[PDB]
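One chain is shown next in structure tokens, namely the form solved without the named molecule.
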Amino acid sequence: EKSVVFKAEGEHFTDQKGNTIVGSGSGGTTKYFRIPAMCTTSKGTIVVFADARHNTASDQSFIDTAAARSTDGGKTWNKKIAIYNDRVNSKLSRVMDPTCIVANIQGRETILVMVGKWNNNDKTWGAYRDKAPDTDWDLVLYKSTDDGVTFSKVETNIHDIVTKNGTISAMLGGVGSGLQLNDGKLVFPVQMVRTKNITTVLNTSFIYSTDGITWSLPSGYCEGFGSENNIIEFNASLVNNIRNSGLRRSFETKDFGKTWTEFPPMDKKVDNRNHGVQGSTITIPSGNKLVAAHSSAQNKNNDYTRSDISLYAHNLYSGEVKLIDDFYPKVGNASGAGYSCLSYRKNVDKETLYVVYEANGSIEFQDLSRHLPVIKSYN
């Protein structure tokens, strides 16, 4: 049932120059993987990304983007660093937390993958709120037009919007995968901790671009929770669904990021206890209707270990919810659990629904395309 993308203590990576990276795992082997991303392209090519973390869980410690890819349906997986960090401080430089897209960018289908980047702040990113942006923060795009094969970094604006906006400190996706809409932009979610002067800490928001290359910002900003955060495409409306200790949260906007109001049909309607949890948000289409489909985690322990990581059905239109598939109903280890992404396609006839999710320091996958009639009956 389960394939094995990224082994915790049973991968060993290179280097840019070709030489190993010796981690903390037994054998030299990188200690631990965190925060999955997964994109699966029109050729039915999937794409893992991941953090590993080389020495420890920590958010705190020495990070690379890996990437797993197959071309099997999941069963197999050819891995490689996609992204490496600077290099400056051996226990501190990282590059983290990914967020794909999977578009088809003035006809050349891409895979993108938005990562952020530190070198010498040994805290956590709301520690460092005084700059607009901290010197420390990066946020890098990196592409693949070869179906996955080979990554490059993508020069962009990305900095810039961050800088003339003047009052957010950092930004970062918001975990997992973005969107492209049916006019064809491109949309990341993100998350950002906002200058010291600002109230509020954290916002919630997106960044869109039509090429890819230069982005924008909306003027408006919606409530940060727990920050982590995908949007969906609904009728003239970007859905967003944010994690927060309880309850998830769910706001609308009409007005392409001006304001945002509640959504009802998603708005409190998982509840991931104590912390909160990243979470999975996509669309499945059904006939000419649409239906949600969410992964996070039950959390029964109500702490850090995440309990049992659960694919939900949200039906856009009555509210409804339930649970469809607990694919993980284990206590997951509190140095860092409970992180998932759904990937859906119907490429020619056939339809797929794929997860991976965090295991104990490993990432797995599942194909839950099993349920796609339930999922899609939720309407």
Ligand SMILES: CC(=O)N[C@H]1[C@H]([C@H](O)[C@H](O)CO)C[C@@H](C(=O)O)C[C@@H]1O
Contents of the next structure:
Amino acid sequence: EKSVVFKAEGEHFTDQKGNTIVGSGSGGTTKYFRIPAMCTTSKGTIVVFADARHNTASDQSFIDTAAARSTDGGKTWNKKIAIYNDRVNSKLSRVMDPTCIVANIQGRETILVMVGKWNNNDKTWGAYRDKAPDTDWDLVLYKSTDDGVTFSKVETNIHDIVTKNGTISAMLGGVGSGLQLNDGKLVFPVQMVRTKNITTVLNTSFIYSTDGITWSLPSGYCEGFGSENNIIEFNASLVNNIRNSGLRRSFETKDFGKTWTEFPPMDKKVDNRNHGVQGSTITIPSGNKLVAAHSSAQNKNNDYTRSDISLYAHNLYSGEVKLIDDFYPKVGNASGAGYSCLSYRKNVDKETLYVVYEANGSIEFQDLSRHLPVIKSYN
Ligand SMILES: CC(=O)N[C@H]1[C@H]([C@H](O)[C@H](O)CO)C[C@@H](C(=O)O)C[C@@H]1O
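Beyond the form solved without the named molecule, can we have the form solved in complex with the named molecule?
Following is the full complex, with the preceding chain placed first.
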């Protein structure tokens, strides 16, 4: 009823030379997977990115970005590494926390994946606020134009726009999926760690692009909260849905990121309890209306176990919220649990709703398409 995308202590990857990557999982396997991001193409192909945390679940560890590709509706997966860390520090070199977009970029169907990159930092990224930006940090972008078979680095101006801003120590995607707007614009939700002198330590915002190469930052910022976030398009607004300890937060911008105000249909509607968790938020059409589909954890133990990863529908008109499916009704592994990513498409006349999520160090997939009539009615 599920499939396993990446099995904890059950995968072997190879490096750029073709030599095996001996992780710390039993038999030299990759120890742990975290932070899934899924993008489905017009061909029905499913690509799932995740951190391959070869040695430990820790954020501060040796990590590559794995990619799993399914052309049979999520039954089987071909796996590889999409992005290798720089291999400076065998303990700490890492690429992590993917955000993906599937888009037609001036006609060309492309999967983009953006990850943060560190080498020698031994502490969490929010600790490094002395520089503009941190010298250990980067934010890299890879593309596939062959339906997810191969990924190549995109040379961008993302590092430059962060430096020129001068008030950002580091930036990361919002985690899970970004979006292509109706007009074609590419949008990644972002998280920012501000330089020490900025009283907000954290903010949310987005970067945008037409061609995937040259990106821009808006002049304004949204409050950070727990900073992981996704954006949806709703009329002329961009609307975010942000991790927060306790009740999730949602703001709208009507001026393309200059100012943000609370968005009542989603603000404070889902409780993730202590510490918060990443959540995935997307839209699903229902006639010429929209419904937001959202996944995050109920967290019944009020801790890092992040139990009960659940799908909700948000009525974007009335503000009602309901539980559609507690699709992972289990207590997670507090080493790292709870994260998810949704993906909706209508290809021809076939609508699909998929989810991937963290399951005891593995990444699982479910086809949630049976729930579409319920979600679509929720307008
Ligand atoms: C870059 C980084 O540290 N990201 C991590 C996140 C980060 O440490 C926090 O958001 C604080 O910046 C949190 C997190 C979790 O809560 O499970 C996992 C995620 O990989």
